[PDB]
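**Student:** The chain contents come next:
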Amino acid sequence: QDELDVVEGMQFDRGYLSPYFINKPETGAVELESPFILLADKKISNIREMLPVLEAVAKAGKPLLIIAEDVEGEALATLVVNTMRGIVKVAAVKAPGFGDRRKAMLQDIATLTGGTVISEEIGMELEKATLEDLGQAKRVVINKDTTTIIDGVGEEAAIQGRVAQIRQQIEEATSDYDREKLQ
Amino acid sequence: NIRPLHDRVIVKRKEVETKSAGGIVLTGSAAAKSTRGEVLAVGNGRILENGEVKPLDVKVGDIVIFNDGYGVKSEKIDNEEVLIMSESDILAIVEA
Amino acid sequence: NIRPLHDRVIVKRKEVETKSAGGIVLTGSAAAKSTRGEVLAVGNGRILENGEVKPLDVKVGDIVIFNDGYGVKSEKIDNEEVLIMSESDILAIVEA
Amino acid sequence: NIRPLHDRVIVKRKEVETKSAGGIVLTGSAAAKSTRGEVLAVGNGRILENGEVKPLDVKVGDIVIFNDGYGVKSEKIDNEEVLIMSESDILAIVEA
Amino acid sequence: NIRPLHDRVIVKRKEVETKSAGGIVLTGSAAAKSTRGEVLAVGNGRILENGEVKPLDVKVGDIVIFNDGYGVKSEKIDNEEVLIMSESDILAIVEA
Numbered sequence: 184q185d186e187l188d189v190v191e192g193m194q195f196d197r198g199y200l201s202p203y204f205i206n207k208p209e210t211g212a213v214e215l216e217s218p219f220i221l222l223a224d225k226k227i228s229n230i231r232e233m234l235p236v237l238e239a240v241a242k243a244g245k246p247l248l249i250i251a252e253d254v255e256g257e258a259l260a261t262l263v264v265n266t267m268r269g270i271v272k273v274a275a276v277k278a279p280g281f282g283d284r285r286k287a288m289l290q291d292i293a294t295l296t297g298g299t300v301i302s303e304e305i306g307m308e309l310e311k312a313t314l315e316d317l318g319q320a321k322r323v324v325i326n327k328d329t330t331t332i333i334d335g336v337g338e339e340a341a342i343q344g345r346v347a348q349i350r351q352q353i354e355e356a357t358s359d360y361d362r363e364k365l366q
Numbered sequence: 002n003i004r005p006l007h008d009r010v011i012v013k014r015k016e017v018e019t020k021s022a023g024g025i026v027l028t029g030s031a032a033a034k035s036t037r038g039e040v041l042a043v044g045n046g047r048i049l050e051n052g053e054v055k056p057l058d059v060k061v062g063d064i065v066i067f068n069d070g071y072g073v074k075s076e077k078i079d080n081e082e083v084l085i086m087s088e089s090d091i092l093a094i095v096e097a
Numbered sequence: 002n003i004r005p006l007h008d009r010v011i012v013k014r015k016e017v018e019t020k021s022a023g024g025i026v027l028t029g030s031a032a033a034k035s036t037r038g039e040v041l042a043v044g045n046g047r048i049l050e051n052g053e054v055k056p057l058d059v060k061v062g063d064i065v066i067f068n069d070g071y072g073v074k075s076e077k078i079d080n081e082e083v084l085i086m087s088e089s090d091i092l093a094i095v096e097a
Numbered sequence: 002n003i004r005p006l007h008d009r010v011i012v013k014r015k016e017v018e019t020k021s022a023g024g025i026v027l028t029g030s031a032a033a034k035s036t037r038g039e040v041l042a043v044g045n046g047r048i049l050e051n052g053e054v055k056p057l058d059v060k061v062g063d064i065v066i067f068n069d070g071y072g073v074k075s076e077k078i079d080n081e082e083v084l085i086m087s088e089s090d091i092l093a094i095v096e097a
Numbered sequence: 002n003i004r005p006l007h008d009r010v011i012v013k014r015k016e017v018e019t020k021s022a023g024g025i026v027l028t029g030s031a032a033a034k035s036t037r038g039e040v041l042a043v044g045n046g047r048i049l050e051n052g053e054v055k056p057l058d059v060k061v062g063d064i065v066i067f068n069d070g071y072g073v074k075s076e077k078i079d080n081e082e083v084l085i086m087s088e089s090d091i092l093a094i095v096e097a
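Chains as they are written, first to last, in the entry's author numbering: chain X, 184 to 366; chain Y, 2 to 97; chain B, 2 to 97; chain D, 2 to 97; chain L, 2 to 97.
Okay, chain X solo, but in the shape it has when bound:
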């Protein structure tokens, strides 16, 4: 039979970076209720850069989801230990897309969630990131393959402006595959 699968809001094909992040073992999916959103445009391997953000999140008490280029090594390990220890309910996922296009999706998620992307080019580093820098969303669901952000707490006007900008780029686009990607 022909089936129809409709996914609303934002959902990108990037699963959790560790199976230990799963909050709900019976479904195998991390479920974060009203979590902070940390959008990093650089690969993360140590915890020193991300430490103050973790302290601020733990003080707030809300969960955290880190959309990053890549989390691995010591930083992933300590995030895992902190997840089980209950100090911070934190999940880490890879940033969707590739070079010159991954940044676009990161900015889209930042606009949707009302956050800011951390990168070397923009100017600020992960050490100086604060709670206001982090994005906000009502719900976050991570599975083995896809991550969904439900009801991101972002300004509607900014979302519409970014959508209009992407539409303008689509009008400027001259490739079917590219225009489908921005669609």
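Treat the hints with care, as some may be off.
Stated by the list, open to error - Going by beta-carbon spacing under 8 Å, a handful of chain Y positions derived as facing chain B:
#: 1; residue: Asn51
#: 2; residue: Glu53
#: 3; residue: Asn68
Unchecked claim - Label-pair ranges, simulated between beta-carbon atoms:
#: 4; chain 1: Y; residue 1: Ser35; chain 2: B; residue 2: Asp63; range: 28 to 36 Å
#: 5; chain 1: X; residue 1: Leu314; chain 2: D; residue 2: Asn68; range: 51 to 59 Å
#: 6; chain 1: Y; residue 1: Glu39; chain 2: L; residue 2: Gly29; range: 28 to 36 Å
#: 7; chain 1: X; residue 1: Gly306; chain 2: B; residue 2: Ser75; range: 22 to 30 Å
#: 8; chain 1: B; residue 1: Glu50; chain 2: Y; residue 2: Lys20; range: 39 to 47 Å
Stated by the list, open to error - Computed far set for chain B versus chain Y, every beta-carbon distance over 10 Å:
#: 9; residue: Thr36
#: 10; residue: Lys55
#: 11; residue: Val61
#: 12; residue: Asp90
#: 13; residue: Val95
These aren't lab readings, by the way, just hints derived from the structure by calculation. All C-beta atoms, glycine included, are put in the ideal place defined by N, C-alpha and C.
Place chains Y, B, D and L on chain X using the hints.
**Tutor:** Relative to the frame of chain X, chains Y, B, D and L by itself:
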């Protein structure tokens, strides 16, 4: 008992920090070896070129910040780890 | 409190310059680590070969220009960064 | 004001030679950094092993020929470049 | 008989530990060479620059913890292995 010679000092290394300032648990390379340790034993003192002996400024039982390197040696006494290092390797002493 | 030993000095590094002379903001490698810092603690003094102790020419609370290198060690006191380095590593003292 | 410590000397480097003897303009690697500079500040003097202090033979305001190397450090005072180097790095003093 | 010269010391190395604390047998690289040994012979003493001779702080027949390195030499006396090393290589002396 272990008695260090000349300016050497026997120091028990402090435990590795397993938590951050706000409660973040550090694991692996994040929880590096501590550079501070309490002094377990003090030698007689460094011998100068004139033959005199000058007592070390480090006392027994104080917390000192030292520098790890080739001059620091590891030893096992009462199946616990201690470090033997010269008084020059100790940068400072923690007070209060 | 931290008391440095012999000629070692505890210095808090000054903040990195985030702006140029005319208002240009420097980021990344442009805003390098400052080589100047205020002196937080002064040791008793360098011990000479005759056994005497000569007080260091650096006082507590003055801005000094020093040289970063292997002889300078990094430490964390009151979860703030400080540097322990010998008095020879300090090139000069900033006056007025 | 900057006061160098011990035998260190603060020297402002002379301008690079932009012309040859007969008027040929040198550019790039041809106009190398000058090894001569006027002395801006003189330290108290080198400390000997006996505890005494010997004043440096370099005075304030004389042109000295020095050697660039690892012992020479670069600093910025009144947004102008100066060099801090030991008195041993100074080969000679230009007179008249 | 072997008489070491100046500050050199003849020490017989202790046997390698073939068992752990609770009875686990260590073999190969697990049972490393012991850094402790009893002193077999003590030299006259280190000669200072003034011509005097200062007796070594190590006595004959005490257990000392030393450091293996280039300064330690291996020798065979009464077809048994001994080590000749300077008194500076000995970190400490085991008491009781």
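**Student:** Each of the hints needs a verdict: does it hold here or not?
**Tutor:** The hints, checked one at a time:
no.	hint	verdict
1	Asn51	holds, 7 Å
2	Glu53	holds, 6 Å
3	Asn68	holds, 6 Å
4	Y/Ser35 to B/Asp63: 28 to 36 Å	holds, 31 Å
5	X/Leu314 to D/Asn68: 51 to 59 Å	holds, 54 Å
6	Y/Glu39 to L/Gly29: 28 to 36 Å	holds, 35 Å
7	X/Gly306 to B/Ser75: 22 to 30 Å	holds, 26 Å
8	B/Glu50 to Y/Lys20: 39 to 47 Å	holds, 46 Å
9	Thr36	holds, 20 Å
10	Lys55	holds, 14 Å
11	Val61	holds, 14 Å
12	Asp90	holds, 12 Å
13	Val95	holds, 23 Å
Hint compliance for this structure: no hint is broken.
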